[PDB]
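J.: This is what each chain is made of:
2 protein chains.
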Amino acid sequence: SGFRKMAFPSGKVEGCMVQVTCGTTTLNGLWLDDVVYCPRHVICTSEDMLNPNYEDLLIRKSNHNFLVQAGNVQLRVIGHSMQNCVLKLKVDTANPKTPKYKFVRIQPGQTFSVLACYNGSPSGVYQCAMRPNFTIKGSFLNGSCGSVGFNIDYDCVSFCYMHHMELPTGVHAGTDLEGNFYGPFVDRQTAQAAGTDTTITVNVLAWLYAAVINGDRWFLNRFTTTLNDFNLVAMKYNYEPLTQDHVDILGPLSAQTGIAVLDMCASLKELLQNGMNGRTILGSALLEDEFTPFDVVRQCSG
Amino acid sequence: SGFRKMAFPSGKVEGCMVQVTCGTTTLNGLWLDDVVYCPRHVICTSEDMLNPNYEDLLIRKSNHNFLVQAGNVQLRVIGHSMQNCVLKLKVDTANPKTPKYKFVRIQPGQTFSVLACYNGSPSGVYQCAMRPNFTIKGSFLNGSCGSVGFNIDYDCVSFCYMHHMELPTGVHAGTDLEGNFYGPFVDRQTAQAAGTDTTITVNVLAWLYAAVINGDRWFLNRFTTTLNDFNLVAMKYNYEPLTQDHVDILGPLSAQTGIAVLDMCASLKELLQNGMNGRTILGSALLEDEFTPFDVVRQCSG
Ligand SMILES: *[C@@H](O)c1csc(N(C)c2ccccc2)n1
Ligand SMILES: *[C@@H](O)c1csc(N(C)c2ccccc2)n1
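For the protein sequence lines, the chains are A and B, in the order given.
Going by full-length UniProt numbering, 3520 is the number at position 257 of the first sequence; the sequence numbering is gapless.
Going by full-length UniProt numbering, 3438 is the number at position 175 of the second sequence; the sequence numbering is gapless.
It cannot be assumed that every hint is accurate.
You can't tell identical chains apart in this list, so a pair holds if it fits in one copy or across any two.
Think about it this way: if two alpha-carbon atoms lie no more than 20 Å apart in a straight line, the pair counts; the simulated EDC-like pairs of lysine to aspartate or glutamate are [stated by the list, open to error]: (1) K3363 - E3277; (2) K3532 - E3553; (3) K3360 - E3277; (4) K3351 - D3319; (5) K3400 - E3429; (6) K3400 - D3479; (7) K3360 - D3418; (8) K3365 - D3297; (9) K3324 - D3296; (10) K3400 - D3416; (11) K3351 - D3296; (12) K3363 - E3310.
No wet-lab data here; the hints were simulated from the structure.
All chains should be built: construct the whole structure from the sequences, respecting the hints.
T.: Following this line, the structure appears as structure tokens:
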């Protein structure tokens, strides 16, 4: 029992992290087979950011402009190319610690672990979610560019996020590993800001199911509701619509607790209308939406 | 910017985890140099737990009673001994992945990362604190016995916790790596229960400082207070006393934000008297006490 913001073990990823320097810019890269992947921002200066032409900035560079450091060992760059917002630096050595891996793109509402890194050295590991507005609420300082997000299934690392920047509200934006931003954000200097955000309803439901599995039940009730009447109330509280698919995905949790999905919705509605009246759920005084149904099963079941 | 429950990267620890079987009991062990460390509970059955004599149970065992599995490779046990509540199984092979390490014992109020493990395979990594009542609020299922807690400084793993069991309230109890329980808990079947718990005041203060560093400031006020008048109120709210030492340890955070420690106490007092009035601090509606002053500096400063 117990319910924590639990990341994947980070080892397979730590063995791929490297330091990439170009000019006076240092940041992190990801070293898989004989390629290192990193934000293209590495070829810019401060004054370049106001409107860079990256195709331009790159053609004026050479392999020798890029220093790659893996631990101590210098890696020799033998090729460079841009892929959307990432660079790919071909190097003369394949990473011996390359795991089985895939580059996936996730959806808003899905979670992943982040290995924050500085100068090629991993500093910490946490879990977060892609928000509906394609930001994440990360924890990142200067130098963290190129830190990666991931999920692990069996021995296979699904890399899903590369870190690029912090927006004015203090939230974070980045790309998939093919260099395509999550959300309408650009790697240039702009008044760009996170769009309006919502609560991930299906996740809140999944977390209510975690809480019941962990013996908190005070918020349960004998009421039920229609999907439609539920969504009427969720809309009112800036919660995302719940769909039949989400109802179906909650099925195993509903069967394991014998609470019907729509009964759990009835509970949520009342929590939205009445608040908590000073109690908590899994150590929280707020409704938590950063755990997927998969997260709950994996942690409350194995 | 951003503020997360951030664990240490778990890699150095994942390379030490192994599976230990004796009889029909399987659990985890920690493989450092040519020793594997594991809970002594591994030599018991269900019916042994009612009052085991472990000195007895152990003398009736042999090296061949203990199967150690590291990944695939079988490890050969060439020696066994008990040390308080842990066993030490000498094996014929030193772990090539042994990091620099130390066995430390922590205090109530200090944090550490946990690598939950099942059958020798790491499943996830999270951060928690030793509570004032020497429990932790972990997230552990059947099979998790022997999972370890740790802190990492430079390349040196300070192992501080080995997991042994879950108490009736759903919280967790275990030992240091020399086999000495944290708190008044025993590895036998007893009506044993967590004692009364308190809030770690110094940590709450440290987290208020994190929040200011991250631009939440609504809870600040122009008041101050005495240490004595503060502790009068903290006592009333089941918060631990704050000491001069804690005031001194908060000094760098106070200097970095220019809020005096005692001014921050004045803020906390008002939050304890008035509640939050529906706002939040670093995404929380509660006062959070699982980050030390060290945690905040390391994460808001590097
Ligand atoms: C590190 O990968 C990276 C890419 S974009 C960026 N910064 C600091 C930036 C500069 C100016 C405007 C937006 C973003 N960091
Ligand atoms: C796994 O290390 C371990 C040691 S104590 C324990 N259990 C399940 C237990 C059984 C009976 C009374 C208290 C604790 N697990």
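J.: Pop the pair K3351 and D3296 into one bin, within, between, both or neither, using alpha-carbon distances up to 20 Å.
T.: Answer is within: at 12 Å inside a copy they meet the 20 Å cutoff, but 39 Å across does not.
J.: Cα distance capped at 20 Å. Does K3532 pair with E3553 within a copy, between copies, both, or neither?
T.: Only inside one copy: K3532 and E3553 sit 19 Å apart there, 31 Å across copies, limit 20 Å.
J.: First find the shortest C-alpha distance between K3360 and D3418 inside one copy, then the shortest across copies, and answer within, between, both or neither for a cut-off of 20 Å.
T.: Classified as both; 12 Å inside a copy, 18 Å across copies.
J.: Measure nothing new, just compare the shortest in-copy and cross-copy C-alpha distances for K3363 and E3310 to 20 Å and report within, between, both or neither.
T.: For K3363 and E3310, the Cα distance exceeds 20 Å both inside one copy (39 Å) and across copies (44 Å).
J.: Since the copies are identical, ignore which copy is meant and state whether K3324 and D3296 lie within 20 Å (CA to CA) inside a copy, between copies, both or neither.
T.: Answer is neither; intra-copy 23 Å and inter-copy 47 Å both fail.
J.: Classify it for me, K3351 with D3319: is the Cα-Cα distance of at most 20 Å met within a copy, between copies, both or neither?
T.: within (16 Å within a copy, 62 Å between copies)
J.: Could you figure out if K3400 and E3429 sit no more than 20 Å apart (CA to CA) within one copy, between two copies, both or neither?
T.: Intra 10 Å, inter 32 Å, cutoff 20 Å: intra-copy only.
J.: Can you give me the call for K3363 and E3277, within, between, both or neither, at a CA distance of at most 20 Å?
T.: Both: 14 Å inside a copy, 17 Å across copies.
J.: First find the shortest C-alpha distance between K3400 and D3416 inside one copy, then the shortest across copies, and answer within, between, both or neither for a cut-off of 20 Å.
T.: neither (23 Å within a copy, 26 Å between copies)
J.: When Cα atoms must be at most 20 Å apart, do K3400 and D3479 count as within-copy, between-copy, both, or neither?
T.: between (27 Å within a copy, 15 Å between copies)
J.: Between the shortest in-copy and the shortest cross-copy C-alpha distance, which are at most 20 Å for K3365 and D3297: within, between, both, or neither?
T.: Classified as within; 15 Å inside a copy, 36 Å across copies.
J.: Since the copies are identical, ignore which copy is meant and state whether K3360 and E3277 lie within 20 Å (CA to CA) inside a copy, between copies, both or neither.
T.: Answer is both; intra-copy 9 Å and inter-copy 14 Å each pass.
When each numbered hint is compared with the structure, violations occur for hints 9, 10, 12.
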